[PDB]
Amino acid sequence: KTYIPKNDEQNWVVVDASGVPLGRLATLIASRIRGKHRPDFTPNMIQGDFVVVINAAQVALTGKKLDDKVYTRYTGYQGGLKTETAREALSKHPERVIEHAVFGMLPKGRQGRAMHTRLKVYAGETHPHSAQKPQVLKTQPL
Amino acid sequence: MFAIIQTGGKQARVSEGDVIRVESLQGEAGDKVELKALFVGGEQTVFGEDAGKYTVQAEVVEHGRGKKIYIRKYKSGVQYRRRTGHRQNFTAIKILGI
Amino acid sequence: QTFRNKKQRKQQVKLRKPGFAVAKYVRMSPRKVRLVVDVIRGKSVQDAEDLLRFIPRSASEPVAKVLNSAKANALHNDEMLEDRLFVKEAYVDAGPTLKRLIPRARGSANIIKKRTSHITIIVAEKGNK
Amino acid sequence: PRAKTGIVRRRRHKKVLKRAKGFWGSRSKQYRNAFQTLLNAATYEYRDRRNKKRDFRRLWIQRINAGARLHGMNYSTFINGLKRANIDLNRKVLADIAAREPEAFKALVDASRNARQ
Amino acid sequence: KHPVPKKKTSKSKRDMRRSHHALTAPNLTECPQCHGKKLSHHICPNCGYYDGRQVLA
Amino acid sequence: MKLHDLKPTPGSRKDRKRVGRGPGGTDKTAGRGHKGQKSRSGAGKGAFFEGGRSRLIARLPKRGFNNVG
RNA sequence: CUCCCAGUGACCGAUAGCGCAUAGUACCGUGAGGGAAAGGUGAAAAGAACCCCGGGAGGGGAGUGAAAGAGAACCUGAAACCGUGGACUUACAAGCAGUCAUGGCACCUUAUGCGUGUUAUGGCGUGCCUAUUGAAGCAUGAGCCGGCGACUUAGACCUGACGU
RNA sequence: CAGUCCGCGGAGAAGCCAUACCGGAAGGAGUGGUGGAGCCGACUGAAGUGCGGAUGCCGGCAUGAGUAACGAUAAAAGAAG
Ligand SMILES: [Mg+2]
Ligand SMILES: [Mg+2]
Ligand SMILES: [Mg+2]
Ligand SMILES: [Mg+2]
Ligand SMILES: [Mg+2]
Ligand SMILES: [Mg+2]
Ligand SMILES: [Mg+2]
Ligand SMILES: [Mg+2]
Ligand SMILES: [Mg+2]
Ligand SMILES: [Mg+2]
Ligand SMILES: [Mg+2]
Ligand SMILES: [Mg+2]
Ligand SMILES: [Mg+2]
Ligand SMILES: [Mg+2]
Ligand SMILES: [Mg+2]
Ligand SMILES: [Mg+2]
Ligand SMILES: [Mg+2]
Ligand SMILES: [Mg+2]
Ligand SMILES: [Mg+2]
Ligand SMILES: [Mg+2]
Ligand SMILES: [Mg+2]
Ligand SMILES: [Mg+2]
Ligand SMILES: [Mg+2]
Ligand SMILES: [Mg+2]
Ligand SMILES: [Mg+2]
Ligand SMILES: [Mg+2]
Ligand SMILES: [Mg+2]
Ligand SMILES: [Mg+2]
Ligand SMILES: [Mg+2]
Ligand SMILES: [Mg+2]
Ligand SMILES: [Mg+2]
Ligand SMILES: [Mg+2]
Ligand SMILES: [Mg+2]
Ligand SMILES: [Mg+2]
Ligand SMILES: [Mg+2]
Ligand SMILES: [Mg+2]
Ligand SMILES: [Mg+2]
Ligand SMILES: [Mg+2]
Ligand SMILES: [Mg+2]
Ligand SMILES: [Mg+2]
Ligand SMILES: [Mg+2]
Numbered sequence: 030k031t032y033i034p035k036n037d038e039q040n041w042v043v044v045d046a047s048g049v050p051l052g053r054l055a056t057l058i059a060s061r062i063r064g065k066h067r068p069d070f071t072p073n074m075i076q077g078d079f080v081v082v083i084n085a086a087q088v089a090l091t092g093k094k095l096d097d098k099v100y101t102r103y104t105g106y107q108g109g110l111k112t113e114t115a116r117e118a119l120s121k122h123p124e125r126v127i128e129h130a131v132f133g134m135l136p137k138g139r140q141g142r143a144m145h146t147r148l149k150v151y152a153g154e155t156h157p158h159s160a161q162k163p164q165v166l167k168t169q170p171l
Numbered sequence: 001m002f003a004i005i006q007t008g009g010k011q012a013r014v015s016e017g018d019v020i021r022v023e024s025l026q027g028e029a030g031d032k033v034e035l036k037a038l039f040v041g042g043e044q045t046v047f048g049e050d051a052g053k054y055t056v057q058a059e060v061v062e063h064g065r066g067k068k069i070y071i072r073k074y075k076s077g078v079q080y081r082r083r084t085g086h087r088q089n090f091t092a093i094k095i096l097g098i
Numbered sequence: 006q007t008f009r010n011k012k013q014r015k016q017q018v019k020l021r022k023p024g025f026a027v028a029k030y031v032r033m034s035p036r037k038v039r040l041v042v043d044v045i046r047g048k049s050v051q052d053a054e055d056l057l058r059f060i061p062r063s064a065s066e067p068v069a070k071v072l073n074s075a076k077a078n079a080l081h082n083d084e085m086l087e088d089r090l091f092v093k094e095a096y097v098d099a100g101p102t103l104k105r106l107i108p109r110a111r112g113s114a115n116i117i118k119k120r121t122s123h124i125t126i127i128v129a130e131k132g133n134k
Numbered sequence: 002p003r004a005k006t007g008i009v010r011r012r013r014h015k016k017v018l019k020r021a022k023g024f025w026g027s028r029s030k031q032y033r034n035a036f037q038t039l040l041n042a043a044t045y046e047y048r049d050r051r052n053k054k055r056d057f058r059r060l061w062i063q064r065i066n067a068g069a070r071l072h073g074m075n076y077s078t079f080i081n082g083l084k085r086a087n088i089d090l091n092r093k094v095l096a097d098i099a100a101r102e103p104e105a106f107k108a109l110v111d112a113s114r115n116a117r118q
Numbered sequence: 003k004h005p006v007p008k009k010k011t012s013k014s015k016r017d018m019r020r021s022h023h024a025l026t027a028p029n030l031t032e033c034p035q036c037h038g039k040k041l042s043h044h045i046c047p048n049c050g051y052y053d054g055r056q057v058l059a
Numbered sequence: 001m002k003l004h005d006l007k008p009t010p011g012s013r014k015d016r017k018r019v020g021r022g023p024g025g026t027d028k029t030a031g032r033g034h035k036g037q038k039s040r041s042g043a044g045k046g047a048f049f050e051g052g053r054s055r056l057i058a059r060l061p062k063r064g065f066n067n068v069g
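Protein chains in written order, with the deposited numbering: chain G, 30 to 171; chain O, 1 to 98; chain P, 6 to 134; chain N, 2 to 118; chain Z, 3 to 59; chain I, 1 to 69.
In short, the hints are calculated from the structure, not lab data.
Idealized CB from N, CA, C, for every residue including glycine.
Interface residues of chain Z toward chain P, partial, derived using beta-carbon atoms under 10 angstroms:
(1) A24
(2) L25
(3) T26
(4) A27
(5) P28
(6) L30
(7) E32
(8) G38
(9) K39
(10) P47
List of simulated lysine-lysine pairs, DSSO-like, C-alpha gap at most 30 angstroms:
(11) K94/G / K137/G
(12) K68/O / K15/N
(13) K30/N / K119/P
(14) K9/Z / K16/N
(15) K65/G / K167/G
(16) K93/N / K32/O
(17) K30/N / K9/Z
(18) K30/N / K8/Z
(19) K28/I / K73/O
(20) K16/N / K30/N
(21) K15/N / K15/Z
(22) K28/I / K75/O
(23) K13/Z / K30/N
(24) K48/P / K131/P
(25) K15/Z / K30/N
Let the sequences and hints guide you as you build the complete structure.
The structure is reproduced here in structure tokens:
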């Protein structure tokens, strides 16, 4: 009875990150990926836009978080324990920090893996994807 | 385009031949004139108590029993299994109102 | 183009099995026999004649003889042309099983399965395609 | 009079095996496990038939606030504005079909928003 | 002591195990000095030529 | 009559109790409980601590008349 | 009373019925003693001349026959279980094996549908029985399919319900 | 299984096999395919009358698996049949 559509759309957008809190921006990207902004036409299919973050290395952590925030990740090995990289020294490879947020909120299933594809972090002011002609979208939500 | 709101009848800007729950007017006699809360006639959308102005007729087409279903129920370690038959009566109608 | 009943069809159409041969009760494990029977299958009946002859298994003997009978009744009985013939079909199913007692330590016996084999092959003209 | 089980049992068995025909492994071919898988199958059947309304209600609402925010309102404010005018009593599913027809949806959005003022 | 397998092994996983028992067809090749086929770096069984005739038969 | 029209009076014959025979009626245990002396017959009628015992005053014969009102 | 004979049966009909469709044999035991599976061409043998591949065994033709979709491993020939072929599928997947939903492919003989087979993705989801205060349990039983397998009978009995 | 009806059947019974049909369920029909000689429906009567379990019984077939082994470490090799 209910309308469903084809996945015919493929849409590209450049989120900015400079001065934005992490998490605040991250939920916006997770919502755009998971498809809520368009009439979320199905659970079944990933109709979200492709999301190209820039200047991610200017990301803001609004507390004391730049220190004392931690990044535990287990290498299977004993003593491979909480291999804690934690801080702004993780801004030695800034982009993954942001990924790790939105993937913290993207679904954990087969599809939920597969959407992380469309996340295109870029810590610099420049990105390759001019051929996609991504569309601007503002960090303030309303 | 538009559809019955199941709760009894009542719907919007359609033109088709749809099933719905039984009508207690038998035959093709009913000629049911239902009220509708929305319409896109002329692509001119109209809704609200504007749609208490407009009304659409539709002949009754056929009484009917839907496709069968069993009602099965289970609970663990208690013996207790249950099984029952069921089919839902309906009265398919075709639309031709304003 | 069809008869009254099955009682008449049984009298008038006698149903033949072109290309067909089967070797029943071969005292061998089928499991072993299919190992070669897969190699043969789908191939030119001369390559079957040659394959079967160097593959180094005891099971290659009975699977050899049947193949000839397939080609034999492909040619004597069925008018087929041997430069067309090929192994359209080959399979082995299990026949009956000789069971034997075998003594084992501390006074227990066991039962032991001497499986038999029903090898079967169906050659046909490579006129398909 | 003797009266052996005979044909009865195997009728019953084949019925079960015939209900169980999409099933993997011996959930499809042995009776015992076929009948056992069908036990939990009955449970899950009777659950989903009335949970499916929950899921579809979710999908309707989830599609409605999308166009709501597309216009700069949202589901809570938009249905409160379609309620604040008494005359809108259509089901959420029909608001979805309207969300698939943008012009009428925007007409209802401006109608609703002219009722929380 | 005395390990045993736990649950009976299923048809499907058994077949994945046997996935490697596929036989390797000999690389046959026809004798230049005869009709029939012969294994490479061996004498032709039918003729007996490895270059002249080598085996008796 | 014609004898295949014969039927005994309604409710003049009730069917048996097929105690056993599974979950549509009277299942795992038949009517019997879980355990206890519900197993195979034996005990009769007595409380199996004490008899409810009272004294006896005792005599042996009698000889009644037939009655005519 | 019934080794034995006849007659009869809301008795059995090849796991039933005597243990035996025959056998107190085979087999087990020094011994006293224990102790099996059972069956079915076809009307009639007309029981397959003859030819083909193979030492055979087995098979394909031909004939006989109503049927060889009966051929002597000879009524039917269910299930587990083993295969051959074809549709759809499957090699970043986490999974009581299903349940509902949506899509993709295939097909149309109670069947062009509120379809059948399959399938991808989404959501959902602690085998069964038993014994338990409490069971997915790492508590018991169980390899799987078949088939045997447990609330009966008796009596000039006692007691209740219903019916005549 | 029995009594009594109604019948069916070598233009083919039961049984077996598919099946989207039917009743509220136990179930029961339609059509097709084997099968080849007995059998359905209604009313009544009697039962050895409905199985997943009992480390149940008789039976067949799986898994372990082409795995462990092939029964003394007194070895065997060439020709020829
Ligand atoms: Mg309980
Ligand atoms: Mg003839
Ligand atoms: Mg046998
Ligand atoms: Mg559920
Ligand atoms: Mg040890
Ligand atoms: Mg009762
Ligand atoms: Mg108990
Ligand atoms: Mg107790
Ligand atoms: Mg006693
Ligand atoms: Mg007493
Ligand atoms: Mg017997
Ligand atoms: Mg038997
Ligand atoms: Mg005896
Ligand atoms: Mg002897
Ligand atoms: Mg023979
Ligand atoms: Mg035959
Ligand atoms: Mg036959
Ligand atoms: Mg014979
Ligand atoms: Mg006969
Ligand atoms: Mg037979
Ligand atoms: Mg993949
Ligand atoms: Mg895995
Ligand atoms: Mg549970
Ligand atoms: Mg306890
Ligand atoms: Mg357990
Ligand atoms: Mg155990
Ligand atoms: Mg007496
Ligand atoms: Mg009385
Ligand atoms: Mg017939
Ligand atoms: Mg049926
Ligand atoms: Mg006859
Ligand atoms: Mg009979
Ligand atoms: Mg019994
Ligand atoms: Mg039980
Ligand atoms: Mg059992
Ligand atoms: Mg056994
Ligand atoms: Mg090894
Ligand atoms: Mg070894
Ligand atoms: Mg040894
Ligand atoms: Mg020697
Ligand atoms: Mg010499």
